[PDB]
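Enquirer: Here's the letter readout for the chains.
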Amino acid sequence: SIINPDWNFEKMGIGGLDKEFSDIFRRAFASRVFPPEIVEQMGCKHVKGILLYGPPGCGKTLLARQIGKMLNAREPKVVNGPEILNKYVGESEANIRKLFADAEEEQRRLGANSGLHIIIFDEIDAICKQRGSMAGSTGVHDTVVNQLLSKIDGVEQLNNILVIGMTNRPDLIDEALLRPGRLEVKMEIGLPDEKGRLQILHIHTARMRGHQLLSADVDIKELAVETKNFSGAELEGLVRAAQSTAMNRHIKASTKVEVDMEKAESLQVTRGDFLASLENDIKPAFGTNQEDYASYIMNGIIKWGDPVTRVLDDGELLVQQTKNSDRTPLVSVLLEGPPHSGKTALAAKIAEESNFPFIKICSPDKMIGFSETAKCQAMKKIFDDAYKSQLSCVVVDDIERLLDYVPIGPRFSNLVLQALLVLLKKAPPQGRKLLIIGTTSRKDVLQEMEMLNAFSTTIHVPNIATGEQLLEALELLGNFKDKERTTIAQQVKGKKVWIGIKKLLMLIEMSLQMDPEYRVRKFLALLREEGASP
Amino acid sequence: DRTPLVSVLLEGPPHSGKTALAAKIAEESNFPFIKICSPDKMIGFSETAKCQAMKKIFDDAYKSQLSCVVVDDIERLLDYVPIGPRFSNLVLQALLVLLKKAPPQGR
Ligand SMILES: Nc1ncnc2c1ncn2[C@@H]1O[C@H](COP(=O)(O)OP(=O)(O)OP(=O)(O)O)[C@@H](O)[C@H]1O
Ligand SMILES: Nc1ncnc2c1ncn2[C@@H]1O[C@H](COP(=O)(O)OP(=O)(O)OP(=O)(O)O)[C@@H](O)[C@H]1O
Ligand SMILES: Nc1ncnc2c1ncn2[C@@H]1O[C@H](COP(=O)(O)OP(=O)(O)O)[C@@H](O)[C@H]1O
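Those protein sequences? They're chains A and B, same order as listed. Okay, so the first sequence: first residue is 207 according to full-length UniProt numbering, each after it adds one. Okay, so the second sequence: first residue is 532 according to full-length UniProt numbering, each after it adds one.
Treat the hints with caution; some may be incorrect.
Unchecked claim - Listed next, with one range per pair, are the computed distances between beta-carbon atoms:
{"#": "1", "chain 1": "A", "residue 1": "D229", "chain 2": "B", "residue 2": "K586", "range": "33 to 43 Å"}
{"#": "2", "chain 1": "B", "residue 1": "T534", "chain 2": "A", "residue 2": "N374", "range": "42 to 52 Å"}
{"#": "3", "chain 1": "B", "residue 1": "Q583", "chain 2": "A", "residue 2": "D229", "range": "32 to 42 Å"}
{"#": "4", "chain 1": "B", "residue 1": "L541", "chain 2": "A", "residue 2": "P613", "range": "37 to 47 Å"}
{"#": "5", "chain 1": "A", "residue 1": "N352", "chain 2": "B", "residue 2": "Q583", "range": "13 to 23 Å"}
{"#": "6", "chain 1": "A", "residue 1": "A439", "chain 2": "B", "residue 2": "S577", "range": "32 to 42 Å"}
{"#": "7", "chain 1": "B", "residue 1": "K586", "chain 2": "A", "residue 2": "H252", "range": "16 to 26 Å"}
{"#": "8", "chain 1": "B", "residue 1": "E559", "chain 2": "A", "residue 2": "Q636", "range": "18 to 28 Å"}
{"#": "9", "chain 1": "A", "residue 1": "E497", "chain 2": "B", "residue 2": "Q583", "range": "37 to 47 Å"}
{"#": "10", "chain 1": "B", "residue 1": "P535", "chain 2": "A", "residue 2": "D532", "range": "21 to 31 Å"}
{"#": "11", "chain 1": "A", "residue 1": "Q596", "chain 2": "B", "residue 2": "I556", "range": "33 to 43 Å"}
What the hints assert, rightly or not - Derived coverage of chain B by chain A (criterion: at least 3 residues anywhere in the stretch with Cβ under 8 Å from a Cβ of chain A; other residues may be distant):
{"#": "12", "segment": "567 to 579"}
{"#": "13", "segment": "611 to 620"}
Claimed, not checked - The list that follows gives simulated cross-link-like pairs (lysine-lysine, DSBU-like), each with its CA atoms no further than 35 Å apart:
{"#": "14", "chain 1": "A", "residue 1": "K489", "chain 2": "A", "residue 2": "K225"}
{"#": "15", "chain 1": "B", "residue 1": "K549", "chain 2": "A", "residue 2": "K586"}
{"#": "16", "chain 1": "B", "residue 1": "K572", "chain 2": "A", "residue 2": "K529"}
{"#": "17", "chain 1": "B", "residue 1": "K572", "chain 2": "A", "residue 2": "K594"}
{"#": "18", "chain 1": "A", "residue 1": "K254", "chain 2": "B", "residue 2": "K586"}
{"#": "19", "chain 1": "B", "residue 1": "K594", "chain 2": "A", "residue 2": "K594"}
{"#": "20", "chain 1": "A", "residue 1": "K335", "chain 2": "B", "residue 2": "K566"}
{"#": "21", "chain 1": "A", "residue 1": "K586", "chain 2": "A", "residue 2": "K462"}
{"#": "22", "chain 1": "A", "residue 1": "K304", "chain 2": "A", "residue 2": "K266"}
{"#": "23", "chain 1": "B", "residue 1": "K594", "chain 2": "A", "residue 2": "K632"}
{"#": "24", "chain 1": "A", "residue 1": "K254", "chain 2": "B", "residue 2": "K549"}
{"#": "25", "chain 1": "A", "residue 1": "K632", "chain 2": "B", "residue 2": "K555"}
{"#": "26", "chain 1": "A", "residue 1": "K251", "chain 2": "A", "residue 2": "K293"}
These are calculated hints, taken from the structure and not from any lab test. Where a beta carbon is used, it is the ideal one built from N, C-alpha and C, also for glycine.
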């Protein structure tokens, strides 16, 4: 026995996680804490390894170092997954073998009283003959896994080893590395919560409080509630950025204003720095991105007709439905409308007003030149990442352009079709909601391919069809004069009006490119030219 | 004793609850070996991988004295789509050959 029965995990680095320690100890290392005498009387072996999986950058290695330290073991021998890889035949195996030289020597010499060695892999998935299943060529010369297995156990027995692995894609691990007698204990490290964020922020700001250099104005609870779905490293980055900005401001002010030395020595970080850097410096991967909205909602939304209100209200009802309910952890909805009816903007809007923590937009714009397998990889990655939050809402910007449709033929990529059809019907991990929004301009084709059946609801987005609607929209935009408006109203009473908002904006901009004399006539001529009759 | 291999097919209109009935009838058998092979676990695979997975499941199932193997949503496995038509031939042939193979004597 080298530790107290109740352990201790506080103000020694790791602060977020406290229950996982107790759980893992109760499950795994009960053998090494009990009076030895009965242990030798027991004839029972010790667990020969464990595996940890969780979202990247959530503080896993710290657990390994702490557990290695507390047990009174030797120095951990860190190693990197991809690093152990060579193109020369029969070379990586030597690397895998060398790691156990010290343990072998100690076991041979001291017999059954040697110390404890610990070996810490990193991205253990690097060496597996399972990644080759997916579309590609990464057979990684399976021999590696056989060598690793035959070294952990086999004809020669080692009783002085403990293997700890860290990975991010739990699925891609070969099954054989989980049978009893080998790595045989799993655990999950989920995202931190409010209390964990508070503890981590408090820990990393101890120096400033000790030296009083921090401004008294700043709190920690406010900032903690501000950060919704950050990760471990993000809090440290935020603190560093705040320090840098505060000091830059202080030095610039001192140079600009010859302040008395009293404030010059003072380097108070103040509170403005924290918020400024938070909104301008750090961009969490798992959090909301306020930036992307502007890239699609470029001109806001102006209420020009009743349908907008109906659509927004229905979106609100769907959001309410997905938030609080059971028996339906997954929901779907599809938007359809003629070309240039501004479907995308509505989707982005409704997603924004959803007010969910995790929101992401995946459009074909960031995938040009990709072969289909890459598209499957992207879809899978984004959905898998979205599965790691309590709530989530994803937006598939343009379903049609994803499939590579073209009326001639017809032609498309079947593989993407399957991937989407299967994915739209997979419940998240237990106790987690979701919301998926589509978009398209070709309803009939989707109806024909049986995919419309998978979606669970539909909404319609019509166009401008009435003259008075056009007058009201023009007035809202505010680009035409009173007598000019009268002329337009006089000439547009025919009611044969059917146009899309995007086209209307472009047409107005074009018509505003000559002298005031001829604007009305040119605009009317161009509008008359586009006499659509759906 | 003289019919070691049996088969059965469920079918109905969509949303009629077939998967649930299949799973329930499988559970109520009290056989020692059960295994469900669904399309949800092979997203984005290549057909060769699907064939290998099918072969592995059936090989493992052979070893025991009893068993009950369930294949769910045949059409999705084949990757059917009414336009065309288009689908995978390899999966179809593998499944069809498998579905009439006897295990080793007395199983
Ligand atoms: N109330 C509104 N309704 C629709 N669009 C609006 C509205 N107000 C402004 N817009 C502008 O309409 C455009 C909408 O872009 P969007 O991509 O949705 O159009 P689209 O051509 O119909 O779609 P897509 O090409 O993606 O199929 C943006 O410029 C947006 O600024
Ligand atoms: N008698 C019943 N038959 C079928 N499902 C039932 C029955 N009673 C309740 N259910 C519920 O129905 C749901 C089963 O629906 P399920 O998704 O299996 O339908 P399906 O038509 O077989 O699916 P799919 O065609 O999408 O593969 C479960 O919630 C189950 O609890
Ligand atoms: N629970 C935690 N408490 C304190 N710091 C943490 C915690 N989790 C992550 N960190 C921060 O993350 C950094 C190390 O991250 P690391 O352990 O390498 O992530 P991973 O284990 O996922 O690779 C440290 O600088 C540390 O400040």
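Enquirer: Run the distance test for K632 (chain A) versus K555 (chain B): straight-line Cα separation, threshold 35 Å.
Expert: holds, 20 Å
Enquirer: Please check whether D229 (chain A) and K586 (chain B) have a Cβ separation lying inside 33 to 43 Å.
Expert: holds, 38 Å
Enquirer: Between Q583 (chain B) and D229 (chain A), does the beta-carbon spacing fit 32 to 42 Å?
Expert: holds, 37 Å
Enquirer: Falls inside 37 to 47 Å, the C-beta gap from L541 (chain B) to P613 (chain A)?
Expert: For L541 (chain B) and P613 (chain A) the Cβ distance comes to about 38 Å; the hint holds.
Enquirer: Does the hinted range 16 to 26 Å hold for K586 (chain B) and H252 (chain A) at CB?
Expert: The hint (16 to 26 Å, Cβ to Cβ) is violated, given that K586 (chain B) and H252 (chain A) are roughly 38 Å apart.
Enquirer: Hey, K489 (chain A) versus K225 (chain A), does the alpha-carbon distance stay inside 35 Å?
Expert: holds, 29 Å
Enquirer: Next pair to validate is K594 (chain B) with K632 (chain A); report whether the Cα-Cα distance is within 35 Å.
Expert: It holds: about 32 Å lies between the C-alpha atoms, which stays within 35 Å.
Enquirer: Counting residues of the segment 567 to 579 of chain B with a beta carbon closer than 8 Å to any beta carbon of chain A, are there 3 or more?
Expert: holds (count 6)
Enquirer: With a cut-off of 35 Å on the C-alpha distance, tell me whether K254 (chain A) and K549 (chain B) pass.
Expert: Not OK: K254 (chain A) and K549 (chain B) at ~44 Å, beyond 35 Å, violated.
Enquirer: Does the alpha-carbon distance linking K549 (chain B) and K586 (chain A) stay inside the 35 Å limit?
Expert: It holds: about 27 Å lies between the C-alpha atoms, which stays within 35 Å.
Enquirer: With respect to the beta-carbon atoms only, verify the hint that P535 (chain B) and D532 (chain A) lie 21 to 31 Å apart.
Expert: violated, 45 Å
Enquirer: Run the distance test for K572 (chain B) versus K529 (chain A): straight-line Cα separation, threshold 35 Å.
Expert: Roughly 27 Å between the alpha carbons, so the hint for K572 (chain B) and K529 (chain A) holds.
Of the hints listed earlier, those the structure fails to meet are numbers 7, 10, 19, 21, 24 and 26, in rising order.
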